[PDB]
Amino acid sequence: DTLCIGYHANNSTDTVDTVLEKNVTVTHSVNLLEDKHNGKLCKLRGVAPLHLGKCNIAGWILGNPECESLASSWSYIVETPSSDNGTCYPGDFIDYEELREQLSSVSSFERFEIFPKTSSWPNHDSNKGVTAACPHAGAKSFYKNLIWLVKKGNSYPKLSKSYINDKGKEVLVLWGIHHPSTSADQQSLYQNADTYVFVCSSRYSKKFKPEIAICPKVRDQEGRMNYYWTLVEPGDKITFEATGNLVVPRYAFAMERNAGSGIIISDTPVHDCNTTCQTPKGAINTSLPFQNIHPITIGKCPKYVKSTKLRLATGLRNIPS
Amino acid sequence: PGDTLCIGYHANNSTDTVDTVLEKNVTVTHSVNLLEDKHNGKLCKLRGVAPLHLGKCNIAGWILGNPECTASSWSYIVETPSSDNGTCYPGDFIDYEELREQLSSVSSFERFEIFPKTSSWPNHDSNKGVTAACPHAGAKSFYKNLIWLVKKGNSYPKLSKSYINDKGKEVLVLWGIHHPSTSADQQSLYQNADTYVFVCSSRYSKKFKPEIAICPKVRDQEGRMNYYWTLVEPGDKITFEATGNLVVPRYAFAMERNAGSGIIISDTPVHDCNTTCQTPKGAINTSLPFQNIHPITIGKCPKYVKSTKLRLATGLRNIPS
Amino acid sequence: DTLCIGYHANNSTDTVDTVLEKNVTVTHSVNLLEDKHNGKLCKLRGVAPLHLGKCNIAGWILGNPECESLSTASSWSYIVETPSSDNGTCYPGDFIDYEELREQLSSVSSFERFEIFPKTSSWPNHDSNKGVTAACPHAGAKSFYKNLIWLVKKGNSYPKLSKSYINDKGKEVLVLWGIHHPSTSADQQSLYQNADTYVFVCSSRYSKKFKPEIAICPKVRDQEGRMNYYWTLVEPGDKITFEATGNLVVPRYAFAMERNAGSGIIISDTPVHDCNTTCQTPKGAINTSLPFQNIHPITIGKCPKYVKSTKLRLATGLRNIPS
Amino acid sequence: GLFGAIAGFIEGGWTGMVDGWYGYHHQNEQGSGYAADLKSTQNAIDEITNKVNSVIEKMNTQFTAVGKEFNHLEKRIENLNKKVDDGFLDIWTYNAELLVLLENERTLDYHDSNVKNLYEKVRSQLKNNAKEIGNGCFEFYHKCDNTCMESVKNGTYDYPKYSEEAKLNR
Amino acid sequence: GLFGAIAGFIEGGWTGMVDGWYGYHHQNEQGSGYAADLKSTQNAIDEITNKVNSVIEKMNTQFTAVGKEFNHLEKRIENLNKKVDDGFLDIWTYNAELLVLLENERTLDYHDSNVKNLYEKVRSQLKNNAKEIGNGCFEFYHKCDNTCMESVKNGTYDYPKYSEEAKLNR
Amino acid sequence: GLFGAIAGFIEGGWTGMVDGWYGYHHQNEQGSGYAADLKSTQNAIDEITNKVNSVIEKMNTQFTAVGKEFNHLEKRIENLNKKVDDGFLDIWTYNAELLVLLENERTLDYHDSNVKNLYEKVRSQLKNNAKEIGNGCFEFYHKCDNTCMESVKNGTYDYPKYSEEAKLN
Ligand SMILES: CC(=O)N[C@@H]1[C@@H](O)[C@H](O[C@@H]2O[C@H](CO)[C@H](O)[C@H](O[C@]3(C(=O)O)C[C@H](O)[C@@H](NC(C)=O)[C@H]([C@H](O)[C@H](O)CO)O3)[C@H]2O)[C@@H](CO)O[C@H]1O
Ligand SMILES: *[C@@H]1O[C@H](CO)[C@@H](O[C@@H]2O[C@H](CO)[C@@H](O)[C@H](O)[C@H]2NC(C)=O)[C@H](O)[C@H]1NC(C)=O
Ligand SMILES: *[C@@H]1O[C@H](CO)[C@@H](O[C@@H]2O[C@H](CO)[C@@H](O)[C@H](O)[C@H]2NC(C)=O)[C@H](O)[C@H]1NC(C)=O
Ligand SMILES: *[C@@H]1O[C@H](CO)[C@@H](O)[C@H](O)[C@H]1NC(C)=O
Ligand SMILES: *[C@@H]1O[C@H](CO)[C@@H](O)[C@H](O)[C@H]1NC(C)=O
Ligand SMILES: *[C@@H]1O[C@H](CO)[C@@H](O)[C@H](O)[C@H]1NC(C)=O
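Chains as they are written, first to last, in the authors' numbering: chain C, 11 to 55, 55A, 56 to 79, 82 to 83, 83A, 84 to 90, 90A, 91 to 116, 116A to 116C, 117 to 133, 133A, 134 to 266, 266A, 267 to 325; chain E, 9 to 55, 55A, 56 to 76, 81 to 83, 83A, 84 to 90, 90A, 91 to 116, 116A to 116C, 117 to 133, 133A, 134 to 266, 266A, 267 to 325; chain A, 11 to 55, 55A, 56 to 83, 83A, 84 to 90, 90A, 91 to 116, 116A to 116C, 117 to 133, 133A, 134 to 266, 266A, 267 to 325; chain D, 1 to 170; chain F, 1 to 170; chain B, 1 to 169.
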């Protein structure tokens, strides 16, 4: 008569490493490394992203004619790696990264006409401000959100327009400063020759002088146009004053910025799915603590590691014999 | 019938529990907490040196000597969350966050009259430079550390003024540039109309020109005043030149900067206590490795964690039965 | 007749700590802490550093007369300045985005100096042969940066200048120039004739207008005037254009380069050697499989992690009980 | 292993014992076969589940974007950001790898401990009345029917009951 | 659990033994009572104290002012800074939580080991001069007065002295 | 120690046994001497070196240039950079220190375990034909020569072949 003490063994081939010995076959185990994703760009916090298609943020916020995309809210922004469509008229976009970052997630967004075109500029020409650098259906055109003002009937009066923010939230205001290639063009566009532009709120204040020189052609333009922006706080006023060279605001955006999100640049399609962790390669749906999909993630994510295998033993050494 | 000797372990009335990797809520006979969760609700000396407390003012107001606002050294700076505006005359304080950072902790700090008011400006008026934007006791006034020089008897000669740093330590120098709202104001203050200011040390060099414009009224000013600063190395010289629009240094500050600390913005009261770790909510006596009081700390602190309890078992499982 | 089961002991006095007990003598142990370096600056990833001698990055790149101008390898894995490197911007002024440039030059896989604007043929209407100064002395004589030319008026006029460079080099070209700010109006006229001047520099991406700022500043290397230095990278196929009516210190030599990723700048007297390393320290290179090191926090390469530990004795044998 | 039993003096495992992790193999008149000790098994199952859940659930991470965009004149800060990302990567990689190595050894010790404990629980009960024939087995010096076995497993083996018979077969 | 003594074959602890972690209860002709073993208790106290001080004192903290101030055009670097604080937050939270869970399990095992060793050290002395009656108790086959008891507690037990009397009561 | 052998019931070690970590000392009519157990010594060496190699090879770091240069007006980011380096310093210094303290304990316990399992291995062989005389020693209730003495060291000892001789002693 015998009584024996013993332990289980099964048909398992799963292997784990221990500190003392590598490749121990065990009866049961679990994976701690999430290595799957869904190859989709999905919603975050239930909120879809802003997909800009073939356009970049600059082209979209300025109103590049090529950028008639479609929301009042977004969790993050998506640009495609092949998104050229932005500053069609060449020049410097000041603090562009900062703006991109600050627009990365908004809880409320509203485009309004801050300086109505039909009524704001009686002493200036607001119809001839177009260029082949910014075509619309092959035709000369310009940013939809700004107006390139030029002299009217051989005169460019000193303009002075102020706007008071009665929106009850931050208003994003963008404008341009045009620099002709020649004194000849300066006179043709603005008459005056030696001009200035002044923008100031209660916070913001900067003076601009045209910088006239022949620069290397870009999209066939030897001239330059620099783009500027600011956020006018509720109740604050912003004032524009110019004697030439000012590319006035037409549309501005009232908004409530949301904590801080990010910008994904990927060809990965968007779908009607939901996630808590987003990767440029697809969403991660895991309860696991570690992940080796992508280091650049947005949301509440597992930690990125360069592990290929993170397998925890649960059972014991498998020795069927 | 036998005599007996039994081997056993301690139990007691202890209700302390701990978690282990294998089982939750295990009652143990003895334990210690690894998590510090208590603070003294006071702002104390760090390294035995008191913080600088700015009362109702902010660094700008304090350092410029705003009329509304004796420590030769401090370990950090405290501002209350509802501190008054430092700059009374509206404008931009250039590299403001940097200056704050660089003043966060100093040893040796001495305000001295760099350009004595009595003898420095024989050809300009150093009395009439007061303003409704910086009121004091029902009277127009101005910063105590600067002088708003204006023309004397319809003339504003070129001014040229230099200081050599013989303090044996860094000298902080602050000045202002005034940008009137109109040409009339320009001439009324400085006579000259087209002016410049130049400030250069061996390391610093900048030229300023007034940018006349009507900006939104702030404390009744449509004009603006920008504030600048630089740190003059020992033995170096700083020069000021101007034909108008220069708000000149009156008092400067000799200081030795420490590696630096930070600025605590809080209504928590300062007290004559000692600590090695300061929090905006209060000080913590660092013995333990971890701390859940506040992620923003100054000093030699325990690491911040999101933990509610880190109970370390010292004794054994408590089984009184 | 007895048989005993037992364990090893020896003469060793190696000691280790455990969570439970301190100074436990053991039979065998190993250190997990790398505390040795070789006391040399080595080739990283097979490539020598660029050692700047008595010059800093500014003096070297501008061609301070004391620096050795290429020469300079066509590649390097990092840069070494000595703590005593004295020769930089000999004519006093601001070097714009200097730290950015230093970082961007720290590691290069290709680097070639070439005469972007030949001294003799480029400036028919201006004087390209007088731009020297006591601030930048050489073999006991006034001199200047080798890679720039201080253009001055010819005879008694300074015609409007206009000159471009189109990048045919097949890779990024680093172009540097200066803007001179005389101490007085007298000097402005003495040098440039024109009293009110401007400089303009633009490419497809860069654009900046410069305006001379005449003032008498504190004397540095005998100069009350100032000279500010600027730079930009001209991508392949693009053109950079210079326009001036005075005050422009024109490029003479520029640099065709292919930059790598990271790397950094070591400032040290530690001798450079023909040794190879994967981890470099300002005080010597690290050669170790160990995961931790206490040599230096500032390292370049694939390095062990820096810790403040003094020893990290790992037990391999058992408690040593010779009794 | 640390406790000597598994892959030790108990050299191999029982595929036959499909009902649990640890158990017994009994043999006598009436029959024989494998039977897992459901008490120690379930206990071990609960405890290991808690282990696995601790490693997972103690990871509660902040909401973070990670990605940053810097221009051509922000190389230094672009590389600072890269150092942060890479520092976090080296830390979490080393930590995840070692956690698994270390805790895998612990888990194997744990199973070994559970078995050893079963084995000694039987040993302290039987004493004389049985032969410790090694390899994890005990040979009884007395007849041990089903309810006798069950008793040994249940920890209520009546030593005196079989004392007499036991001595005699010795 | 790991060593089988605590909450194992010795089912419960003793509120009556209030001067140590591990000790004995004796019962003889002269009387009965509790007595902590001072050797094993102090050694444990020393070692558990060393454990706590190690987890504490190995935390060399740098002087750091965590806080930073950024203006409205510095959100990218403000967010990098946030990423840094949040990265250390998750790293320290997870490791501290696991350190505690893991060291706690080790601490209990340590005590369980200490008790197990104490029991088997007595058992090795007494040999067959007493019977293991379970629950951590030995019942002597011979008379064991105070001095006899105290000699078992402090290792200086004289087995051959009671050999004769022992063999009788079996 | 955890397993109560090393510095436990086997009070001390043997300087005389130089060819291994664990082993035997025999003493019969013929002679005496020390002899390491090769199979248990080699496994421990296989496992300990694997433990050393694991702690080392799991550290596979990124190519990094740690240093940064910031000017006199970039103090904030310079201190941010400083907070990053110091944060990694504290994380790695702590982890390294505790890794060592904890694994050193485990290693010493590991040896303790190996010795105990070897002792209980031979006690499992000599069953009734020997007496545990303490301090890790067995005294044969019979007479054991060199050939027999090697049977116990290899796990081939023959109990029933001595059972009768020992029953009388
Ligand atoms: C062989 C020859 O002489 N060909 C010219 C041909 O170059 C010229 O085209 C004009 O070239 C000028 C440069 O000198 C500009 O590039 C003009 O482009 C536009 C533009 O599309 O951007 C035309 C546009 O209508 C203008 N918009 C406004 C609001 O004025 C702008 C604008 O003036 C500039 O961008 C400001 O710098 O320029 C381009 O038409 C044609 C046209 O006259 O004549 C040929 O003889
Ligand atoms: C001076 O201080 C006042 C507060 O005493 C500032 O008022 C705040 O303005 C900021 C935006 O600039 C808001 O974020 C706060 O909500 C305002 N406080 C409230 C509730 O009134 C004011 O901006 C400061 N003025 C100047 C000249 O800077
Ligand atoms: C390079 O640095 C050296 C010093 O290391 C400079 O040499 C000095 O130059 C001044 C000015 O002419 C002389 O008065 C000194 O006698 C020199 N000192 C030495 C050590 O010789 C030199 O000027 C620098 N050259 C450049 C172009 O920067
Ligand atoms: C404050 O504490 C520090 C040490 O922590 C000491 O140097 C200093 O003297 C103390 N001051 C007082 C008032 O105790
Ligand atoms: C690293 O060390 C090995 C010996 O451990 C030596 O042979 C080799 O040359 C060293 N490598 C370098 C490049 O320092
Ligand atoms: C198991 O033990 C319990 C007491 O713990 C007892 O009541 C029960 O009858 C036992 N079962 C068997 C089969 O002996």
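Please note that a few of the clues may not be correct.
A few chain A residues facing chain E, derived, Cβ under 8 Å [stated by the list, open to error]: (1) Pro90A; (2) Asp93; (3) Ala218.
Derived DSBU-like pairs (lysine-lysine); straight-line CA-CA distance at most 35 Å [unchecked claim]: (4) A:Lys242 x E:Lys214; (5) E:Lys123 x E:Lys212; (6) E:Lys313 x C:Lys304.
I should point out that these hints are in silico values taken from the structure, not numbers from a laboratory. Just so you know, even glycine gets a beta-carbon here, dropped at the ideal spot from N, CA and C.
(message) So, as I understand it, the hint says A:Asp93 touches chain E; can you test that by seeing if any CB pair is closer than 8 Å?
(response) violated, 16 Å
(request) Identify whether the interface hint at A:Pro90A stands, where standing means a beta carbon of chain E within less than 8 Å of its own. (result) This interface hint is violated because 19 Å lies over the 8 Å limit.
(request) Compare the distance between the alpha carbons of E:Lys123 and E:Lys212 with 35 Å, and conclude whether the hinted pair is satisfied. (result) holds, 24 Å
(message) Next pair to validate is A:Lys242 with E:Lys214; report whether the Cα-Cα distance is within 35 Å.
(response) Holds: A:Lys242 and E:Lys214 sit about 33 Å apart, inside 35 Å.
(message) Does A:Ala218 hold up as a contact with chain E if the rule is Cβ-Cβ below 8 Å?
(response) holds, 4 Å
(message) Would the hint linking E:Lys313 and C:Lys304 be met if the CA-CA limit is 35 Å?
(response) holds, 23 Å
Against the hints set out earlier in the document, violations occur for numbers 1 and 2.
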